[PDB]
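Work out the full structure: start from the sequences and follow the hints.
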Amino acid sequence: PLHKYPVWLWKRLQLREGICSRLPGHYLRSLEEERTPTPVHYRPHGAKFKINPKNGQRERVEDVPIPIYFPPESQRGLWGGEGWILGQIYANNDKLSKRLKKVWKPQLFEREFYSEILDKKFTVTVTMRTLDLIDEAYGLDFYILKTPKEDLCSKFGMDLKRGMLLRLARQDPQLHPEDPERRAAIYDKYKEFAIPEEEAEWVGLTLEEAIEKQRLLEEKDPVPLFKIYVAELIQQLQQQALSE
Amino acid sequence: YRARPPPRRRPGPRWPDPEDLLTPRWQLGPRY
Amino acid sequence: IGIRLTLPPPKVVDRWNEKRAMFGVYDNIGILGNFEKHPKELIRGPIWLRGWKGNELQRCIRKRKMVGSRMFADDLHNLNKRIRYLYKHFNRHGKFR
Amino acid sequence: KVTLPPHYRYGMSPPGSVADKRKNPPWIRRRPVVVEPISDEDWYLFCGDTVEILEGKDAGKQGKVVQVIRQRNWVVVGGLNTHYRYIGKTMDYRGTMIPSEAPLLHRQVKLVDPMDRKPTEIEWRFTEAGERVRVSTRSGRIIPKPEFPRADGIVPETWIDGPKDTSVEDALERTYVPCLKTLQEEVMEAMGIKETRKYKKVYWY
Amino acid sequence: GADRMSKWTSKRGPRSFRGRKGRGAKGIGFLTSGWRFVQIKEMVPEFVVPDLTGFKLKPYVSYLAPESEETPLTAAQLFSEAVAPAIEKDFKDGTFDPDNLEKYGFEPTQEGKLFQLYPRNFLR
Amino acid sequence: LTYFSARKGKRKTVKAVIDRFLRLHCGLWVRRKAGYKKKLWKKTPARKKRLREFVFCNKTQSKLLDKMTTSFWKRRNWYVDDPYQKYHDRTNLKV
Amino acid sequence: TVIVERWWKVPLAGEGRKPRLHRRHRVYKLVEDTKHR
Amino acid sequence: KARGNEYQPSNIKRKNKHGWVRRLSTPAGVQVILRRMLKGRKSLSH
RNA sequence: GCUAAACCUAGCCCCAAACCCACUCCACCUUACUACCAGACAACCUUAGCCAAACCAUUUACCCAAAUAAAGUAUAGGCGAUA
Ligand SMILES: [K+]
Ligand SMILES: [Mg+2]
Ligand SMILES: [Mg+2]
Ligand SMILES: [Mg+2]
Ligand SMILES: [Mg+2]
Ligand SMILES: [Mg+2]
Ligand SMILES: [Mg+2]
Ligand SMILES: [Mg+2]
Ligand SMILES: [Mg+2]
Ligand SMILES: [Mg+2]
Ligand SMILES: [Mg+2]
Ligand SMILES: [Mg+2]
Numbered sequence: 002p003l004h005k006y007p008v009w010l011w012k013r014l015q016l017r018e019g020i021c022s023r024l025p026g027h028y029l030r031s032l033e034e035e036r037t038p039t040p041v042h043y044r045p046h047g048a049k050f051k052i053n054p055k056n057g058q059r060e061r062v063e064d065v066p067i068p069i070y071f072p073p074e075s076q077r078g079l080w081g082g083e084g085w086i087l088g089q090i091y092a093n094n095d096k097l098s099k100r101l102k103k104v105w106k107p108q109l110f111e112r113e114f115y116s117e118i119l120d121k122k123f124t125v126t127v128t129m130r131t132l133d134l135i136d137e138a139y140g141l142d143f144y145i146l147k148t149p150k151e152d153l154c155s156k157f158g159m160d161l162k163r164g165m166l167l168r169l170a171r172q173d174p175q176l177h178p179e180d181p182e183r184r185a186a187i188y189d190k191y192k193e194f195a196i197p198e199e200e201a202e203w204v205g206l207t208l209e210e211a212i213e214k215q216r217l218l219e220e221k222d223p224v225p226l227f228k229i230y231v232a233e234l235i236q237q238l239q240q241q242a243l244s245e
Numbered sequence: 025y026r027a028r029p030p031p032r033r034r035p036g037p038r039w040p041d042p043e044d045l046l047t048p049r050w051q052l053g054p055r056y
Numbered sequence: 032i033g034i035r036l037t038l039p040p041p042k043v044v045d046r047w048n049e050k051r052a053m054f055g056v057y058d059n060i061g062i063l064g065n066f067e068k069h070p071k072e073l074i075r076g077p078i079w080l081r082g083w084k085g086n087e088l089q090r091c092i093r094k095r096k097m098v099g100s101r102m103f104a105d106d107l108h109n110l111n112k113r114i115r116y117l118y119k120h121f122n123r124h125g126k127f128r
Numbered sequence: 012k013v014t015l016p017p018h019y020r021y022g023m024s025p026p027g028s029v030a031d032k033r034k035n036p037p038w039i040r041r042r043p044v045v046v047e048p049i050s051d052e053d054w055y056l057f058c059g060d061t062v063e064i065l066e067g068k069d070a071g072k073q074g075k076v077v078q079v080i081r082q083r084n085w086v087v088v089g090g091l092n093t094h095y096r097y098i099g100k101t102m103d104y105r106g107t108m109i110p111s112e113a114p115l116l117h118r119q120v121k122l123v124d125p126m127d128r129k130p131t132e133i134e135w136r137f138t139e140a141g142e143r144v145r146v147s148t149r150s151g152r153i154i155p156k157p158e159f160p161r162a163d164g165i166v167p168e169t170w171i172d173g174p175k176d177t178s179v180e181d182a183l184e185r186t187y188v189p190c191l192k193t194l195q196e197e198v199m200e201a202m203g204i205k206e207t208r209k210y211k212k213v214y215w216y
Numbered sequence: 014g015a016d017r018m019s020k021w022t023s024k025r026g027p028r029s030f031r032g033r034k035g036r037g038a039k040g041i042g043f044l045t046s047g048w049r050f051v052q053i054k055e056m057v058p059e060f061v062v063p064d065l066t067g068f069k070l071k072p073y074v075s076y077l078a079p080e081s082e083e084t085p086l087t088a089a090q091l092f093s094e095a096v097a098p099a100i101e102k103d104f105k106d107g108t109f110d111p112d113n114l115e116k117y118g119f120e121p122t123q124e125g126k127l128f129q130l131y132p133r134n135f136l137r
Numbered sequence: 094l095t096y097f098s099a100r101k102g103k104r105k106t107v108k109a110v111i112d113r114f115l116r117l118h119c120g121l122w123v124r125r126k127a128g129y130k131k132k133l134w135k136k137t138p139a140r141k142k143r144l145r146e147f148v149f150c151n152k153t154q155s156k157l158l159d160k161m162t163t164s165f166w167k168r169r170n171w172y173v174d175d176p177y178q179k180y181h182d183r184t185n186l187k188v
Numbered sequence: 053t054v055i056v057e058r059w060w061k062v063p064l065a066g067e068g069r070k071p072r073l074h075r076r077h078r079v080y081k082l083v084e085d086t087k088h089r
Numbered sequence: 047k048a049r050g051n052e053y054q055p056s057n058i059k060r061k062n063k064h065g066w067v068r069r070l071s072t073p074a075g076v077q078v079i080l081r082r083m084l085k086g087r088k089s090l091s092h
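Residue numbers (PDB author numbering), protein chains in the order written: chain BE, 2 to 245; chain Bg, 25 to 56; chain Bz, 32 to 128; chain BC, 12 to 216; chain Bq, 14 to 137; chain BK, 94 to 188; chain BO, 53 to 89; chain BJ, 47 to 92.
Since the hints were made in silico from the structure, they are not lab data. Among the hints, erroneous ones may be present.
Within a straight-line C-alpha distance of at most 30 Å, the following computed BS3-like cross-link-like pairs (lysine-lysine) qualify [said to hold, decoys possible]:
| hint | chain 1 | residue 1 | chain 2 | residue 2 |
| --- | --- | --- | --- | --- |
| 1 | BC | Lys72 | BC | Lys121 |
| 2 | Bz | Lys96 | Bz | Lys71 |
| 3 | BE | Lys96 | BK | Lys131 |
| 4 | BK | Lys156 | BK | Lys101 |
| 5 | BO | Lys87 | BE | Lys147 |
| 6 | BJ | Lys61 | Bq | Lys20 |
One side only, chain Bq facing chain BJ, incomplete, derived with CB under 7 Å [unchecked claim]:
| hint | residue |
| --- | --- |
| 7 | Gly14 |
| 8 | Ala15 |
| 9 | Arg17 |
| 10 | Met18 |
| 11 | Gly26 |
Backbone N, C-alpha and C define an ideal beta-carbon position, used for all residues, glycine too.
Dropping the structure here:
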């Protein structure tokens, strides 16, 4: 036989049933959106049309991203979108020679970063690209908030984003409790990234984490039927008195 | 017997439901 | 042995039932209906065979392209193998080159 | 009780009997008998009904239905549509020949009008009180459901309570006073069992 | 050569296997040093048998009993038959408050009770 | 030769034939002589002139190349200022 | 950062379609490693 | 010498090698159970 | 004359349509189907090859989501096979 829906649509159907239905709309739209990551291991053409050198004709060109493998240890650091490149090479760059397996690994470094919003220092494994992105963003706090989810390529980076967004959303007074003037200055510096606290709590959460969080919010002890029946009995007696 | 009514092209524009996943993507764009 | 000893039950065919009496009706829907509907639109069956004909290889290619994502995993695997065998048979085996 | 095979063929002998097991062993697989589907509300033949045979040797004769087999749309009329067979046959004795009734389909019998003893068609209709009864089509007369002995072989009128049969007064006595206590709690109070030790909390997972 | 389809019971296997497998009977104690078994009196179930002297109910019921419609007991029926008269009596008198729901039979918590409805801590 | 393609179910064209031969619409095929650019110093001018000629193919070769190319290459083309336009049709041909 | 490009040209996929990648598209040649800049 | 008696029965070895717990100890063994469940095997493991 | 022979059903196949399925009690990841004791072990990671090229070594179609058409065209390729 045949399935009513295509197989690749089964995942999206599951989001319309069960506990995933009751997830916040703003969170669900984030999962549906799939932006193209900033090119890292390949150079984009930069133009939609190029003149072919041979026939001298205008031919459409497209950017095909290089597949990237992110090791699980990359989720505990900030690699800046870099990852392992699992591919093939030709010996001596000659197509008539053997096709060998080649893996390109980023050079990882251990660095300590201070977050102004979080008022804490983190020892994060980063690459040289991550340092450049932070330098171009003028600070770690700007880099975390500005960089999209698809470009961070790190669960820890998204967790840092949620922490910063929560403090900005709440105007949390735990940041320098004894210096109210200094606390307001930092919040004013990053006021452009402020979002409502309801949305900030769901930023960076995976589907499994969101489901568990939603389940806990909806988890409540059932109301005993004694209390429910008392309310109906009391209401009905009042209505009887009015008719009399 | 009597023949069934002839199959006719249904009058009026056909607007697919945008909220249906089985709706083809080409029937939802501005070009359609 | 190998042949039945009794006559089979007689075949009763209603030559004038509704299906046979109205067979072929509206086959000229395009000619007599201002070409609003093509006669191929009357064909009912698999979605990959309405108004289209081909050999076994062309049917297998077309079915995989149109409803391949909706097929079962075991059915899809057999279809993929059938295309591979038919590709080798038609393009590599035969009396004529 | 017994889980019959998917295509078990019901016969005159009741299922699970000695004769049925010999005729229908667990390994038998015969062609199913095509039976016209009749709804329970549409069925109109019951034990004790008087019907007239339409086809067969006893066409036009009337008799009393003694058994109905819904799985085959069969009605058995006592002493009608009968063939003769030997019973109790042994090696020395040829046996005793007795008339044996053959089953009749529902379309081969027709219910009779109580006022005029002739076959007639009936339809299920509701009376003013709301009861569902059978009404003759041509005459519009109510045909009562015949009084047949119960399948358990018990006559309420000719019934005497035994040494282990609860009397009607005791059986229908209502001694239950509703309360928010379990059976265990009420028995502890009734029998005076005292338990002061408290139950310790346990982990459920 | 082993029979996979047969039920795995305590009669199969070496001596260690046979002594560890049971037949579903509940334990009534524990083993101390020297393989000595200590039987706990409280772990042994106690049969609460009532006095049947002067009991008018017999295993069977006489067939001269009128047929009655089956009405399964529900929470709504139990509340009406047991709690509604108590609440209605106090409602007319004008003395009814949510604080005294325990007076009518409501139990806020099952902890501290010998027989707890949920989780169940008593046998049938 | 691919008689039935795996993606479209159609006959494919051997592109080696296209890069070497020109098919006139009359059915003829035009080719260049093999080795007309090889070792010209050891070849007489009479021989070299024959190598520079554009020759036709016989019936077997023409039929072979027809099977190796699809119907797209057998259509009638109206290229502007086509050098081989006059050779696409036959004149005064009997039998 | 290691930057590579494919030896084999990837056929165009069109508007709103993901490119079809054969196993020969896994072959890469090193363009430039940014650490040597 | 004479062959054919390569199977020397032992319940301890049989349960430790092809048991239900042994099957679930590795991801490959879990797939073994899943294949037998899919095929409808009456005995998923020893 | 035996041995046998004969049968018409059980059901199934391909499509359409429509998005399926889990738990009476009790038992079941330890030696599964075992009432009742200190865990902290935890998932990710390029398919290869037969085969075709009449050897083989680069290479050799494999649903990726609109039927048709552009088109087996542009293009790729021991510019070979073929893609
Ligand atoms: K061939
Ligand atoms: Mg065996
Ligand atoms: Mg297109
Ligand atoms: Mg693809
Ligand atoms: Mg053996
Ligand atoms: Mg040994
Ligand atoms: Mg099966
Ligand atoms: Mg089970
Ligand atoms: Mg070969
Ligand atoms: Mg060889
Ligand atoms: Mg070329
Ligand atoms: Mg060749």
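Self-check item: Hints the structure fails to honour
Solution: Of the numbered hints, all hold.
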